[PDB]
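Removed: one protein chain of the complex. Kept in place: all other protein chains.
First chain written, first letter: the chains are A, B, C, D and E, and each begins at residue 1.
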Amino acid sequence: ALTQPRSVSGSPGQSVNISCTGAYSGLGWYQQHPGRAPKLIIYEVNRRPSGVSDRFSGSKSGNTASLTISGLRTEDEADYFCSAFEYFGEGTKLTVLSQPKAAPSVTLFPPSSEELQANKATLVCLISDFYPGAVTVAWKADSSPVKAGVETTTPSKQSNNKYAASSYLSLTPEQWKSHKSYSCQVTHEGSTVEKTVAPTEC
Amino acid sequence: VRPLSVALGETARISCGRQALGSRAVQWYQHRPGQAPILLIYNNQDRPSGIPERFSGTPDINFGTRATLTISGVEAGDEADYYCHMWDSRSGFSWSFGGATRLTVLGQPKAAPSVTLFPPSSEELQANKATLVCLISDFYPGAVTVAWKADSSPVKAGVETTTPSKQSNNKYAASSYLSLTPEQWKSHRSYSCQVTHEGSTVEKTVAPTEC
Amino acid sequence: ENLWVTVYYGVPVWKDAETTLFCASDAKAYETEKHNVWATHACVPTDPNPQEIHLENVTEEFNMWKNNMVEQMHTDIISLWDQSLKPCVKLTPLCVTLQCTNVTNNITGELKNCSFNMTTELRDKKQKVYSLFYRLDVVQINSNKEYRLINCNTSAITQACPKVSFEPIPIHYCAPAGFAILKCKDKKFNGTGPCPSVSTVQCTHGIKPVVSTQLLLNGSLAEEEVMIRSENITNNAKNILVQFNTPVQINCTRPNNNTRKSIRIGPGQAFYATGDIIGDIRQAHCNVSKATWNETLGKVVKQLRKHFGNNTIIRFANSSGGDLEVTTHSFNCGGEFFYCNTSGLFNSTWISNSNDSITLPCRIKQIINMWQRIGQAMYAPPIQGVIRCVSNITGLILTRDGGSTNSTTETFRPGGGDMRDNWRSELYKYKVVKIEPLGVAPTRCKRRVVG
Amino acid sequence: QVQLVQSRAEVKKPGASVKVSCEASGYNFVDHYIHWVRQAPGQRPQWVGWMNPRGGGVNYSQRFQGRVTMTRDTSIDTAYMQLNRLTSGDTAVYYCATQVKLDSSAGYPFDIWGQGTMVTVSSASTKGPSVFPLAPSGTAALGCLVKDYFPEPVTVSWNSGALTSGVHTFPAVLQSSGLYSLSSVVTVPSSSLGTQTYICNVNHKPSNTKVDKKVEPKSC
Amino acid sequence: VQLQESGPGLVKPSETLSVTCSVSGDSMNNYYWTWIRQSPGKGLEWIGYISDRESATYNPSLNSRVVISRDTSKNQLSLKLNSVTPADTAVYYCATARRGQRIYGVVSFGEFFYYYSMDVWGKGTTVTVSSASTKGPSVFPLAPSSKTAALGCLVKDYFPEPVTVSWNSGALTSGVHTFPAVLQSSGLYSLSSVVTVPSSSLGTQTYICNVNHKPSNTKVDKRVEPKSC
Partner (left out) sequence: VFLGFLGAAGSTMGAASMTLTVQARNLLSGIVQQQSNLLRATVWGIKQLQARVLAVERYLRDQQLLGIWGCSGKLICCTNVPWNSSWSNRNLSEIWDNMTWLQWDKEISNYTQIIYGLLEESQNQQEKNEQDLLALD
């Protein structure tokens, strides 16, 4: 069982503290940028591979490794990983806060009429202009938990470097005409908003 | 077929018509014509119940050893066809019985033929056909000459003759038929049948006027 | 109170060195032929009695995986094959289209009666000959059918002269003056590290260079417990080398009484084709007493849990990859090259708490590309008659599986792709050092003054 | 020099096999092992195997033995792998790699990496996008929802290309069935509700598909 | 364990020949079973076999014309051969087979072959393949000289072979001697049967010759009486 932290807060000119616990852990440390090509940062636990930056080094224990960084940058915003021979730790998304926080612009849509006629009813909640790239969607019809019909995306990079996401509550023309008003609750950095929709408009 | 001759009492040794390549399994069968076959030896050396220990086959003891049937004390009654059924590990399923070795046993007592000659029957003459029937038994060897005479002149019309064959007693038997007309029968004074065997002749005679 | 440096010549100081080593073989000269591939014409005769000299108070480190002696024997063996192959018949003309048919109709066919044109002695005349070819050496091309030898698309081929023998004889190794060979006398010797009991020798023990795969043959054994030596046990990529404590018995036979056909393919050149088989056509195999093999695996899982926990599931499986030469216990026996399915062995499950001998089917090749070497392939000439050679198994080469469901259970299959790994099985107990006879120390001794 | 390149990305369906190449260059391929690793977009990497060219031999993570087959072609300095009995559960990014320029002969870990081959397994049979609007009611927001179309991308627009500002579109979620699904939204003044008209359009080449949606002005 | 074959004795070309073998003295299940023929002037030919498990194998030299079955009820083995030609005239023998396995190598690999030994044989049945029609024979008495004496019956102008002849329906067994048939120029057969009897039974004991010609189903009982003199 090979494990490590999941997320770490950070900022430029700072230092980040990460872990990894496991037998023979911290054999090497990688960085996957969104997309392809993971890349080794330090072999063993404290071995500057010939051909990397010097501000990189790592510590460990009998079972717990630890990777250390100074002078953070936005260039080091990626996912970071702990290698153990055959086994690879879970995965830490390192965030380097270079933008200010942004609250989600939430717009919830009811099912259209030509969607109700084809035996369908999809609730469209759109989550835009938030930073960092994270929003939690919680669907609750009349505040009771709805665990049926939930489609969620992942945070996507907009033009404005803020992040966007969308969610779909798949309902029926019978489910769309049962509860008073479906309330999609978008949690952002802890805060929770409540946007509601009903078959009687604004 | 492959012919072989042996004198009575000698040990005959029969080689397989086909030679074994590799590990073999050989069965031996004896056939005299007109009989069902008999298994003599199987699995090369093994002898089924009922077979004399005078007969032996070659055991397959490592390779090179040609399959052979050994017959101690050749008897008149061993004059027969022999089949080597060769089975081996390289030849595939052996659908063929091989060639026959036709065994001739020489040295048997000469035996002069006993001969009996019958005239046409009272019923056949009534049907307007006349056939002379000449029957020959107890002789050895099988070389025999059969001739027909009318009074004392040779006849070659209507003469039908059999191949000599072994009796259960291992001597040979044969018969001869002369097809005629009743007019030939009554118009002649007599007819004779002549059987020649190893330089000697047996002759019987019939007549339309005899009791 | 006056301290002076003083020089000492012939002091016991040595240093680790990679140097040019030499051969050693018993001075048995059994030529009475023209054979002998390994000892050659003049490998230096061995000492009658070796002067293996124990060294009190001395503790020296060995590392068989970073050893320079292994990476030397390997290259040492290689040069001898080419040197023995060069003067022999090159089979460039055997790459004609071959017309081959199956032998057997009493199917219960891995071998081909092959007709092909060839070159005669006269350059203008050609010949239609037939030879028997094992299935592995030949491939089909497109009605007849038409075939070719497997090598014709990879490399040229040369035939070992029949005179040469493939038998490994023990070969020792002696050091020149100024150098020394250090020999570990530790029974429990870990794969690497310092050996507390050290003797020095002028030459190593008789190392039989048995080239074999998945299993070491006619080697040297291990005392006490069976020995597990890896460069890193926990690392799958580094193999796991095993040395037995008890030798098991193996009888290997090619059970068909084959025949040799000398076909002349030029002035002096002569190809040795496989003639008609005589007697039954039987497949090669090797037995090992099943009882003995159950015994031997126990000592293994016992030395294994000392490195894997008193309780874990340790099972054995067959090889799952590689070339045909790595999937099989490949070896040479009497001059024919055997490749044997080892699944009956590596089939059991071990829970760590008559003879009924297992038989192994073996295929045979005469075209071989040994030492994971691409280029000159070899034609091993057919060996006339039936083959039977007895070999001990003096070791194994194993390999573990990658990351599973928390290691619940651990699995071991054979294979030894590098050949040095066979040499390490006979070289773990040796290491090379260079002699430093010059020592400096402070004494009160001063030389007589010049003035 | 010293680099890995892999075959083209593919999409295969359940049961099927898949063979991926990994052409290697810039180092003498034969000497070093070659491991293969799988990353799902959304779980760790799962080691699978290794295969020295010198012997061609292997061993596979027990989660993977049997279904997989790794092959080399040293004539060309290249390896391969073939994965059979494909299920949707094995769709992921597949990277080849090795340790060469380290000073650690212990084979581990890996530094030299193929860009990867992405392999999508899903019964992405042909399925047709159904487009449905999103109605309006300060400012008022109206949009359109494109649903249930086999592999992406689609293209959505408004007012025959004459209305472009104030809009925002969100990434298509691969709905868990194998159908992509995305939507759009535009913010219009509620003073044009009932008089001004606003229309949406959608496109999808894979099936030669084309859907529109009229929206007459609600009085609001 | 005893077997007796029976068949049509004559079939015309392109027709189906059917022979059966009735088993006495034992069942059918403990043996492999087989049929063999012998053509006049040629050696033995192996036709095929059916094993314990009703699995039948035929000689490929016969171009797939053979069906072997074990009608286990009548304790009969059946054989039918279609597309017959005159070249099929032979004596057909039934026989049991004892199967052997000779091991020359390792059983686990398969270095053995099966072989067959034929341990119990039938009597044979003669079949002639011809388009000519059967003809039942004419039987004539051959009277003994009136002056011991020999008497018999002449079986004239029949087709095809064979004929069975008894004397006093089996009760007269010592001294009987039947002869091989002659093939006349007409392509018809004749044979003769003789029995040597004491001169002093004549005029009182009736000697009747029982002739059975199964192919034309001619069974004639012929009295042979003494000369009037």
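In the analysis below, a residue touches a chain if its C-beta (ideal position, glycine included) is under 8 Å from a C-beta of that chain, and two chains touch if they have at least 3 such contacts.
When the missing chain is restored to the complex, the residue among C:5, C:313 or C:324 that touches it is C:5. Residues of chain C that touch the chain left out of view are 2-14, 19-23, 29, 40-45, 51, 53-59, 76, 79-80, 83, 174-180, 200, 202, 434-447, 449-451.
We take it that only the chains that are shown with their structure count from here on.
Just to note, of A-C and A-D, the chains joined by more C-beta pairs in contact are A-D.
We define each chain's centre as the mean of its Cα atoms; on that basis chain B and chain C are separated by 73 Å. With centres set at the average Cα position, the gap from chain B to chain D is 93 Å.
Per-chain CA centroids place chain B at a distance of 19 Å from chain E.
Residues of chain E in contact with two or more other chains: 104, 111-113. Counting only residues that touch two or more partner chains, chain D has 47, 61, 108. Against chain C, in their complex, chain B makes its touches with residues 22-23, 63, 88-93. Chain contact summary for the complex, chain C toward chain E: residues 106, 108, 255, 280, 282-283, 285, 359, 361. On the side of chain D, the complex with chain A involves touching residues 37, 39, 44-47, 61, 93, 95, 101-104, 108-111, 113, 115-116, 130, 132-135, 137, 140-141, 143, 145, 147, 168, 170-173, 175-176, 181-183, 185, 213, 220.
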